[PDB]
Every structure is written in C-alpha cells, then in structure tokens.
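Asks: Construct the complete structure from the given sequences, taking the supplied hints into account.
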Amino acid sequence: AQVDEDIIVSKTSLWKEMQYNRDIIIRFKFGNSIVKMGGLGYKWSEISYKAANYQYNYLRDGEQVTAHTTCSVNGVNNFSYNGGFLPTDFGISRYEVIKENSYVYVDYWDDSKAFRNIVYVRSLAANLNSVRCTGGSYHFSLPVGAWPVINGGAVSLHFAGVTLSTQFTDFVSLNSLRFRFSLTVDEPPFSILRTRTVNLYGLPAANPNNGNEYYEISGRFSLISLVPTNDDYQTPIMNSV
Amino acid sequence: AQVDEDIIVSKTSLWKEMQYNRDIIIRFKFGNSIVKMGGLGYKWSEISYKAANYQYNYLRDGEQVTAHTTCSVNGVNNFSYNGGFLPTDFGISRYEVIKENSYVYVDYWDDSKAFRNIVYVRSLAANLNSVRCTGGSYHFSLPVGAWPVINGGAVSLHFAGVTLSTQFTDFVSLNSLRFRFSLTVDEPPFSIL
Amino acid sequence: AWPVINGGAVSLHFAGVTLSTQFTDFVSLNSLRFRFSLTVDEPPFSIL
Amino acid sequence: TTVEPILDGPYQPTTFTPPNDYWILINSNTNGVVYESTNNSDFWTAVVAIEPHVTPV
Amino acid sequence: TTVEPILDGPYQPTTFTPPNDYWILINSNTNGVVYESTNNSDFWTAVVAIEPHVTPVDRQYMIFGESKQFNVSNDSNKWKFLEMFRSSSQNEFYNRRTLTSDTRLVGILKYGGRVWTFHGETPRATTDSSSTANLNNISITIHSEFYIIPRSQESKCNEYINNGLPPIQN
Amino acid sequence: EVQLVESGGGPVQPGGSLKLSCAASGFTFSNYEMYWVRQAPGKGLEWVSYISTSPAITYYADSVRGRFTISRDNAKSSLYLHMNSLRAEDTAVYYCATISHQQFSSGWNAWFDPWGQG
Amino acid sequence: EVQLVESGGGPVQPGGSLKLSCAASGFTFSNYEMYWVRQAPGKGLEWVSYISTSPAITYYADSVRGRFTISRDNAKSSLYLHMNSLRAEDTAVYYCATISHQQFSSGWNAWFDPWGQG
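Protein chains in written order, with the authors' numbering: chain 2, 247 to 487; chain 1, 247 to 439; chain 3, 392 to 439; chain U, 59 to 115; chain T, 59 to 228; chain 4, 2 to 119; chain 6, 2 to 119.
Since the hints were derived computationally from the structure, they do not count as laboratory data. Just to be clear, a hint being listed does not mean it is correct.
Taking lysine-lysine pairs in the PhoX-like style, the calculated list, with each CA pair at most 25 Å apart, reads [as the list claims (entries may be wrong)]:
(1) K257 (chain 1) / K345 (chain 2)
(2) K345 (chain 1) / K275 (chain 1)
(3) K282 (chain 1) / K214 (chain T)
(4) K257 (chain 2) / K345 (chain 1)
(5) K126 (chain T) / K214 (chain T)
(6) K257 (chain 1) / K359 (chain 2)
(7) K359 (chain 1) / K257 (chain 2)
(8) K214 (chain T) / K289 (chain 1)
(9) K275 (chain 1) / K296 (chain 1)
(10) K20 (chain 6) / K77 (chain 6)
(11) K262 (chain 2) / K257 (chain 1)
(12) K257 (chain 2) / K289 (chain 1)
(13) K289 (chain 1) / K289 (chain 2)
(14) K345 (chain 1) / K296 (chain 2)
(15) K275 (chain 2) / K345 (chain 2)
(16) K262 (chain 1) / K282 (chain 1)
(17) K345 (chain 1) / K296 (chain 1)
(18) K296 (chain 2) / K345 (chain 2)
(19) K262 (chain 1) / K296 (chain 2)
(20) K345 (chain 2) / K262 (chain 2)
(21) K77 (chain 4) / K20 (chain 4)
(22) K345 (chain 2) / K296 (chain 1)
(23) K262 (chain 1) / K262 (chain 2)
(24) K257 (chain 1) / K282 (chain 2)
(25) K262 (chain 2) / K282 (chain 2)
(26) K275 (chain 1) / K289 (chain 2)
(27) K359 (chain 1) / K262 (chain 1)
(28) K359 (chain 1) / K282 (chain 2)
(29) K275 (chain 2) / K257 (chain 2)
Replies: This is the structure we're talking about:
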C-alpha cells in the first residue's frame, strides 16, 4: 500500500513513574592505538584515541554492583608534525588531542535494578564530580638519534549530558547509556620534547593512562523511568493467606 | 549522601501501545570541508567529510510534511597521498573515503504527529530503497603545473538500522532519530588524475 | 533480562480416604486414594 | 582505519647509511651519476646511467 | 578540527623559482655557499656563510658549477654572510655586504619587482632591497635546509631572523 | 585534461583589422608565460610576443611591431590579440602556448604538451 | 633524556679478575657502535674496544689484548667486559660511549653528548 494507516496492537494498560535516586562510581581507562609507517621507522602514521573497554565492580549499600563501561572521544582535534622530510627524519602524520572543542564519551552499564529499569524514561538528571585527566610520558622508539619523548597534558572533565542509544533489530532492543563530558584544559601544557611544538594546552593520545589503572568519578543518579509495576489491584479476589 | 533512596512523583496512568506505519522520503546532501596548508599552495591538509544539514518538505496523502535532516559519516577510511616532498610538489595530507568498512549516518526528524509520538518506543522497523551515490569532479587549483583533477567514485547504500539518541539536560529531552546505512562499493572506481 | 517466577505456597491438609486404582503399565493396582485439601500460604507468588 | 601508502614516498637525493633488510630503489632524473656507495675503507662503488645509442666516449 | 603546523617544514636543498609574496628562510648545514639567486640574464647573486673568527683568505667554491675563487674574512664572534653580486656575464665579482648573526639563518623574498633580503646584525638586523628588470623570472637554488612563510607576517619573519628556530627544549 | 580554445579566423583584408582570442581552462595561467607563434610552410614557426606575469614589460618579434598588439587577462584566463593591416605573409595558423620548466618531483606528471589547436 | 649506568669499580689486585658493566637506557643501542676508553693523567684518553652492529667483527687496543674481553648484550642493552690480570697502568676511569654521524635534518636535535660517567 501507499497510504496512511494506523492499527491498535493492544488496549490500554497501567504504568507508574517511579523515581530511582542512586549513586554511581564510573571508572574508565582511555585507549590509544600507535601504528608504524612503511619505511625506516621514523614516521608514525597514527597515534590516536580508540574505544577502550573495561569492567569492574564495587560496593553500594552492600549489594555488590558489577559495572561494565567503554570510553571514547569525539570532536577530537588532530594535530600533525613533520620534523623533516628525509627518510631519516622524524614525523607524526597525525596525533589526536582534546580541547575545549572536544567532548569525551563514556558508555556505562550495570546489572542492578535501577539501571535495568532504564528502558523508558521521562527525565534523567545527575551530578558528577569533576576530575583531572593527566597525560604520561611516551618514549618514541627511534632506531637512530636521541629518542623524542612526549610529556605533560592536563584537562578537566565537566558534566555535559546523558544519552540513551537504542539499536533495533527485529523487535528486540539493544540499549546503551552514555555520559557526555565537556572538557576544560589545565596546566601543565603538553609538549613533544626535542621538537618544535612546546607549551601547548591539551592532552595527546600517547599516554593518557599516565600509569594509572583507571580514572574514577563519583556522583548521584536520578532516574524517572516508567515502571510496569501494579498498584496491588488487578489481582484475584482471593489474594491472601 | 551514600545511601539508596526512592519516592513516587505521580500515581499510575494509562498507556496504549499502538502501531504507526507511515511511508517516508529522506533526502540529504553530503558535506565536504577543504582547507589549505600554510605554504606555496600545493599541499592540502584536510579534505574530509563534515556534518551537512538540510531542510525541506514533501507531500504524503496531502498533508504537507516538513522534514529536517543532517548527514554525517563514521568508520571513514582516510588515505594519505604524498606525490612529492618539495615545496613545489603537490600533496594531500589526508583525504577521506568510504568503503565496505564504513557506515553513513543520516539524522532525520519531522513535526507531524506520526513522528511526534516517537519519544518512548517498544519497537521500530523500516525498509528503504537501495540507492547509488556518485562522486563529482574537483579541480585542485594548483598555482603551477597541470591541475590534478579527481573523478569517479560510486557506492551503494543498504539499510543497516535505526537508532534513537536522547540527550538530557534539566527535565527537557533533546531527541534525535538516526538512520544507519551500510555501504557496498560499485563502479566506476574513483581516481585522482 | 531474565524473567523470574518464584514464591507461592500451599498446605496440604488431609480430608478423607477412599478406594482407587493405579492403571499402571504392567497391571491395575488396587490402592488407597488420599484426598488432601489445600490452604494458600505466606510467600506471595510473583512473576518478578 | 588508516591505510598504508602504496609507495613509501619519492624522497630526495641525500646522503645517509640505510640500515639492512631494506631495498633502496632509485629512478634517474638527469644523465650521468645516479648513486654511489662506499664504506670508505675497502669498498667504493658508483654507477652512471647513459641514454641508449651513445658512442664509445 | 585540524591545526596548522607551527612552521611549514624543513624542505630540502632544491633548485626552483619561488613565486612572489613568500619569504624563503634558510638555515645552513655545511660551510661556504648557502644559496644563490639569479635570472641568467642580468642578475647573478650568491651568498657564502663563514664561521666567526676567520682570517682573510681567497677561498675556492663550487659556485655556478665552474669553481670560482673570492676573498672571505671575519672578526666578530657571530657568523658572517657575504653576498657576491654580478649584473653581467662579463663583470667583476662585486663582493657585497652583508648579514651577520648567531641564529645561523638567512632570508630572501620577492615583491614589487624588487628582491628583498635580510641584512645587518641580530638583534639589530633588518631588510634591504635590490632592483632588477624582469625580476619575476628569477630562479633560486639552495644547499642547506629551508622553510617558507607568507609575506603577510613580517612581524614574526624578522623575529625569526632575530632568534629563529623556536626553542627545541631537551 | 587541459583545454585551449581559440577563435577569430577567416579571410583578412591586408590593410584591414580583426581580433584573435585564445583562452585556457585546465591550468592556473597566472604563474605561466604566454607567447604566440605563426606556423606556415617551411619558413617555420617563430616567436611573436612575450608576456610573463605582467611586469609592465613585454617583447615583440620582427614582423609584428606596432600592427600587432597583445593583452593578457588573468581573470578571463586568456590572451587577446588585436591585429591590423599587415603584409600578406600573415597567412598562417596562429598558435598560443607555454612550456613550463620547474622541477616537479616524481610521483605525478604536471606536464602538458602545451599547445592549443590554433 | 638519555642515561648510561655502569658498575664494577674499585681496588683490584694485579693478576686478579672482575667484571665491568655499562648498560644504556635512553636510545636504541642496536644501530650504534660502542667503544671503551681508559682515561687517566696527561698521557690522554685512548681507544680500547670496538663493536659495531656485531658483524662477528671486533678490534682491540695494544695493552688490552687477551686479558680484556668484550661482549655486546643487546638483550639487556649493555656492554659487558671481563677483565683480568694486566699491568698497573690500568688504574684509570673506564668510559663507554658512542658518537653518531648521520645527517639528521633541522627541526629537532637528535644529538647526544654520548658519555656515561664511567
């Protein structure tokens, strides 16, 4: 048919809109990919952020909470450096950094009641503690000359929003909750040593973990989902001991 | 506080689940960003896709439907070609392309009731026509030597899925419906001349 | 998410014996039939 | 996903010591000498490219 | 979003004809000749960079292919850049002065039918100008490494000459 | 591909006048020079005019002084010749072109075969 | 920064035996060579050892023949010298080092000052 059409697939029902006000500890570790370039081994084609997954668990009013998250970046600036054009010369065709323009995303999920009830939502607000992300050092393994080394990089995460992605594949739902954080740079500036670009504000992808297992953030988690729960009616007349 | 806590903001209410099965005409135009490189004018630092917005309307059983969409790409391959290293030499530090690996997204929305009723959802399915996207020709304005010209390029869009993104900021929800299309390449192959 | 049936209980209280027979495969076994009454109990059956 | 370049680049006529396990291929632009190698101790070598149909000179 | 590189890159010692409205800055790697400009018609100029504290000597340089001689000297502790000038094929090698510095940098440019070049002593250095007909059709050739800058930013071109090659912190 | 287009041909009264046009498409034509050459039987092609990045400087050949005149438009990307009142030797095919010699490296051919049909 | 660490020093009986070590940290130490030099009063520093990308090729100085011996451990990135039974002129500070000459272009100082403390 080529025509407008609506059918009812059921009749009315009953739903409440309950409020779940829990608290949350999201911990996540960045991911970086470094790749060579066909040659003597002085041109690095890519050093860029990459999707990094990580699982963990913790305690929250006793009930052990297992959590599984994956972090990535968006709006990433892409800088490039060319210390020289010879085969012997050193170069980075593209290295990723994060600035005020950039956002950082962390998908998170949990098998608790409050998170499992996030299928329908009227409003989802939350406040988080801002934290500092610092960049470690990376020795550019170079088969001649003095190794360049990258250093520094410091930013701060501020809360920007929460999102619910929902993929559909033949009536079944594959959902994912995501936290979007805005960035605000901070001293000390990062710099690739023995190189032109020095005293730049940002955070490169070379060594974002800084030797830390994870970057942690705490906060409160307010959910206003629409439960299917009854109101003790719609239940047979001999509903009793 | 470090403790659980619940309340109820409002008592129960009725909800019907219903099927809306309309036909849709999504149209969109890609976006390309081109930028020089500091130099004589022979090196192009970036020629990459960019988010392209576009608004229009059409007819659907008479009811004029106004539609507003923005297209973008993800999983884009990036080729770095270096013709020559001299200042005079022509170069493209990075040009984007789409392949079997890549996906192309198109965010779409509409103000008709059929779309306004998409806040909650229990299911969503759709089927779209397969279409071919062809590439134009670009004259690299080069201030010496023969102008290199790019040509060709052809892909086909197959349906991959739909998604609903829902940003939250203080009681008001910013929603967006996004169609994901998979790519299957097709002749003629593109070639920078 | 995995649905979970749980709970529900009754209590069998005896009320009256009669004659009966099991139609067992090999033979028909004459037998006693015990008719127990019922009594719903505390754990509220749910479809969690 | 980043793709390798099809060739490693037309680099420039410089002097250096290329490490092992690497073919160095050279295309000639002018006449005469194309390249020379040497350890400067017990091995010196050079080449010259010449256009076809040139007399003994 | 992509950012520009901090400088346009150490290109390689080539021969070509840079278009106008572009500073060409050069740093020296060897001794002696750094670069030469000409038009092969009525203008032939070259430079030689000499280490500080050198005696007056008639040195021999592979200039213009055919190796030619000329005098060079320096007393100051800063490097010296002696230009050699000629306006005809039959002419004396007018040894013209000069540019001195410790940055180890030199700089040329084309504008308005006039070739401009850095001159003097850092930090006091400046630019001077030379005139020539059909100047647009000149050629340059280099022997050490060199960058390119657009004309619009003399404010940092001269600062590069004062102290170029922004710090390489170890 | 690169395209040169031209126009202005036909019979010409000696002592007369007309205009010749040669526009170019596929290249920059600001960093190039442009000339003209008349081709005929075995006298052979020869140089006529010279324009190179407008220094307010040009040159003319022997049999073209005054009665030729040249114009180079970067905007329209063309050469415009105004022609008047010359000897009958001008019966010929006129060609516009420029050979470019700047050291392009390997990896891409910036090279023309720079000749309009005339 | 780049660092050289070394060990094995002190008083030694002539005719005795010990093991000297010089490990390196901050650079590749596979495409470089390595030397040893005894430094002492005004006779001046002298060449001792030579290993250069291990071609099964080595060289020794006059006074060190036999009773010195060398090893180039790429696994630990070090030079391991076994020392025995030589003249009392060996009283000195032993130094490990390598100077590299490959034409790195401008834009970044790939240069060492390549001397461990000894």
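Asks: If a hint holds in the structure, say so; if it doesn't, say that too.
Replies: Do the hints match the structure? See the list:
1. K257 (chain 1) / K345 (chain 2): This hinted pair is violated, its Cα atoms lying about 45 Å apart.
2. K345 (chain 1) / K275 (chain 1): Holds, at roughly 18 Å.
3. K282 (chain 1) / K214 (chain T): With Cα atoms ~21 Å apart, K282 (chain 1) and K214 (chain T) stay inside 25 Å; holds.
4. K257 (chain 2) / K345 (chain 1): violated, 46 Å
5. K126 (chain T) / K214 (chain T): violated, 36 Å
6. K257 (chain 1) / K359 (chain 2): This hinted pair holds, its Cα atoms lying about 20 Å apart.
7. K359 (chain 1) / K257 (chain 2): OK: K359 (chain 1) and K257 (chain 2) at ~20 Å, within 25 Å.
8. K214 (chain T) / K289 (chain 1): holds, 22 Å
9. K275 (chain 1) / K296 (chain 1): Since the Cα atoms of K275 (chain 1) and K296 (chain 1) sit roughly 11 Å apart, the hinted pair holds (cutoff 25 Å).
10. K20 (chain 6) / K77 (chain 6): holds, 16 Å
11. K262 (chain 2) / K257 (chain 1): It holds: about 6 Å lies between the C-alpha atoms, which stays within 25 Å.
12. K257 (chain 2) / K289 (chain 1): violated, 65 Å
13. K289 (chain 1) / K289 (chain 2): Distance of about 18 Å is within 25 Å: holds.
14. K345 (chain 1) / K296 (chain 2): holds, 20 Å
15. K275 (chain 2) / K345 (chain 2): Holds: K275 (chain 2) and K345 (chain 2) sit about 18 Å apart, inside 25 Å.
16. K262 (chain 1) / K282 (chain 1): At roughly 56 Å apart (the allowed maximum being 25 Å), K282 (chain 1) and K262 (chain 1) break the hint.
17. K345 (chain 1) / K296 (chain 1): holds, 17 Å
18. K296 (chain 2) / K345 (chain 2): Holds - the C-alpha atoms of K345 (chain 2) and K296 (chain 2) are around 17 Å apart, at most 25 Å.
19. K262 (chain 1) / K296 (chain 2): Not OK: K262 (chain 1) and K296 (chain 2) at ~43 Å, beyond 25 Å, violated.
20. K345 (chain 2) / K262 (chain 2): At roughly 43 Å apart (the allowed maximum being 25 Å), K262 (chain 2) and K345 (chain 2) break the hint.
21. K77 (chain 4) / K20 (chain 4): holds, 16 Å
22. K345 (chain 2) / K296 (chain 1): holds, 19 Å
23. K262 (chain 1) / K262 (chain 2): At roughly 14 Å apart (the allowed maximum being 25 Å), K262 (chain 2) and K262 (chain 1) satisfy the hint.
24. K257 (chain 1) / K282 (chain 2): Outside the cut-off at roughly 61 Å; violated.
25. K262 (chain 2) / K282 (chain 2): violated, 56 Å
26. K275 (chain 1) / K289 (chain 2): This hinted pair is violated, its Cα atoms lying about 36 Å apart.
27. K359 (chain 1) / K262 (chain 1): holds, 16 Å
28. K359 (chain 1) / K282 (chain 2): This hinted pair is violated, its Cα atoms lying about 53 Å apart.
29. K275 (chain 2) / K257 (chain 2): With Cα atoms ~47 Å apart, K275 (chain 2) and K257 (chain 2) exceed 25 Å; violated.
Hint check: violations occur at hints 1, 4, 5, 12, 16, 19, 20, 24, 25, 26, 28, 29; the rest are consistent with the structure.
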